[PDB]
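Shown here is one chain on its own, the form deposited without the ligand, set out as structure tokens.
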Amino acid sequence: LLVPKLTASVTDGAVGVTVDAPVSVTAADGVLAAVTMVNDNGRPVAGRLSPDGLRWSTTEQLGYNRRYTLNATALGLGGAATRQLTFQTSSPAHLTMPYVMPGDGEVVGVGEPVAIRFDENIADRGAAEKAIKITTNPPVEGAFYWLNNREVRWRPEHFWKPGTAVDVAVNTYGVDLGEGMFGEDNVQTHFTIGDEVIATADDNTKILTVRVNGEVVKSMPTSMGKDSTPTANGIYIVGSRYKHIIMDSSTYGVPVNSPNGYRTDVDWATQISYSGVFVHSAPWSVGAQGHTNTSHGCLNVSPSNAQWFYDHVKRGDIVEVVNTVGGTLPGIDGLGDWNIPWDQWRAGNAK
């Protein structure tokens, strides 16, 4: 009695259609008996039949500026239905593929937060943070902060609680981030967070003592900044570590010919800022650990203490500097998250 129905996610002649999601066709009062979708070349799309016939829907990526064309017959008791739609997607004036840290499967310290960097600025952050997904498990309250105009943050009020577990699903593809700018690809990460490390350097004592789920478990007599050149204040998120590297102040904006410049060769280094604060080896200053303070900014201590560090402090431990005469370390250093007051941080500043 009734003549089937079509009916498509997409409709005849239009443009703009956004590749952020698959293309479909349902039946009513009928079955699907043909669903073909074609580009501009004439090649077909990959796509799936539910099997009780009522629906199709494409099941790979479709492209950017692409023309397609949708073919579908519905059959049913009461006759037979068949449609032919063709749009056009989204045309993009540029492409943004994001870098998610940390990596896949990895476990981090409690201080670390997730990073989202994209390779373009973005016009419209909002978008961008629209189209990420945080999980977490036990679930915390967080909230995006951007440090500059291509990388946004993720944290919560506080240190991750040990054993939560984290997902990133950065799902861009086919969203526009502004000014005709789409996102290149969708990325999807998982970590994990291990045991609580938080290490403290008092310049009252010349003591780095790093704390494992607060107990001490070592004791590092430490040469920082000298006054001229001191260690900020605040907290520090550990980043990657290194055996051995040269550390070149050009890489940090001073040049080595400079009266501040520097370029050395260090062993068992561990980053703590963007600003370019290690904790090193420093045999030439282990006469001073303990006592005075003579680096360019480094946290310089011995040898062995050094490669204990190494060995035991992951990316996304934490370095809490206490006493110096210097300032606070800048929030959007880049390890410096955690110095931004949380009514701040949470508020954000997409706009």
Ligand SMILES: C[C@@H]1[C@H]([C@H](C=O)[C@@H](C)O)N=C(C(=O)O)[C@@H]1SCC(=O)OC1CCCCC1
Contents of the next structure:
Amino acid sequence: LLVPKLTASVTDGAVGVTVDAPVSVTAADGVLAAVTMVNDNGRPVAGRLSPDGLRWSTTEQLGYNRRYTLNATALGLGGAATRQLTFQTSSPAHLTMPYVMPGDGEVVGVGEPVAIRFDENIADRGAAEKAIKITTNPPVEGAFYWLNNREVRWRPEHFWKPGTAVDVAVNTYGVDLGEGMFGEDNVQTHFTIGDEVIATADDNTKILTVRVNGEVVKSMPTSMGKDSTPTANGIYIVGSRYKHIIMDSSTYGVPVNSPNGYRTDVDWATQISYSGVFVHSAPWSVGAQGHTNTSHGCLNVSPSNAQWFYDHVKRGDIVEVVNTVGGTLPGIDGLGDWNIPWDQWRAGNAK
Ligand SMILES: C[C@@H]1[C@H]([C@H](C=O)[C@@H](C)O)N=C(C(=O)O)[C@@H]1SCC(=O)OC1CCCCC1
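Having seen the form deposited without the ligand, could you give me the form solved in complex with the ligand?
Everything in the complex follows now, all chains and molecules, and the chain you saw is the first one.
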């Protein structure tokens, strides 16, 4: 007859045990008769034993900077075996919390990237990407690209197909993200791609044309950026929308008392770049809309068309600006991700 054997997922005397996975104990040639795990001061850790008695596992989150002691006894026909193991978990220098966009259960447009923003700089971008699990249905190829030291984006080559489910599991708890920085917790979100909505502003006609699944539903006279402060050409992702908002130039880097500065309250404003480009109500330029450019870069439209845009365009929908005398919107604006060529995006920048 054989004496039972105990196998644990940790070793006695281990340090830096990562807390991104449960701790388990398994019995062979016998079953687990007693398993307890206790922290540095007596408190039991929640666990569960399998019905067949062969495997025990922790069932709650294990902590950073803990000294745990595991006691297990296996019994079989051939006798008994008991082991005691003590180990120490990861000791982070710092924690970082991820924040994910878009919201859980939201329906968004075909241009919405997966966004994960950490509240600290990430030293090991590769470890962060490896810890993020993206599921798509129908499955589509996508890739990670960093906009800055804190925020990474994931998207396909082309705009999402309507009806696509997207699941984002940010499994950063217990993960070393470089230089002693560990994930504060896991986060999760799930969203769905809705109708294809692409609004094109053509400087040659000064009309913003809204197409839904390829059909024109709206044609808005617009006044874009004057020659000296033009609207950049390119693909813009629709972000947040406001029934009214105070536009403060210092938010976007420019003092109000400055020459190019401003602080003005405007109605029905849909944001389309982090640099502060909005579609919004401009009752003062209705005469110019459809004829001449007069703005600081915004897409000025009529009050009723701005409210229409607010009501009918959603986060993740697309605005494309073409034929202006401006440059191209920066790929790393915040809402300019589609201006980065796919070969460059797919190659990534985790180094
Ligand atoms: C600055 C605002 C905004 C801008 C994007 O272009 C932000 C979002 O970066 N677009 C504007 C525009 O209308 O083009 C404003 S101009 C600020 C002002 O002095 O407002 C008065 C001027 C005209 C008379 C009534 C308001």
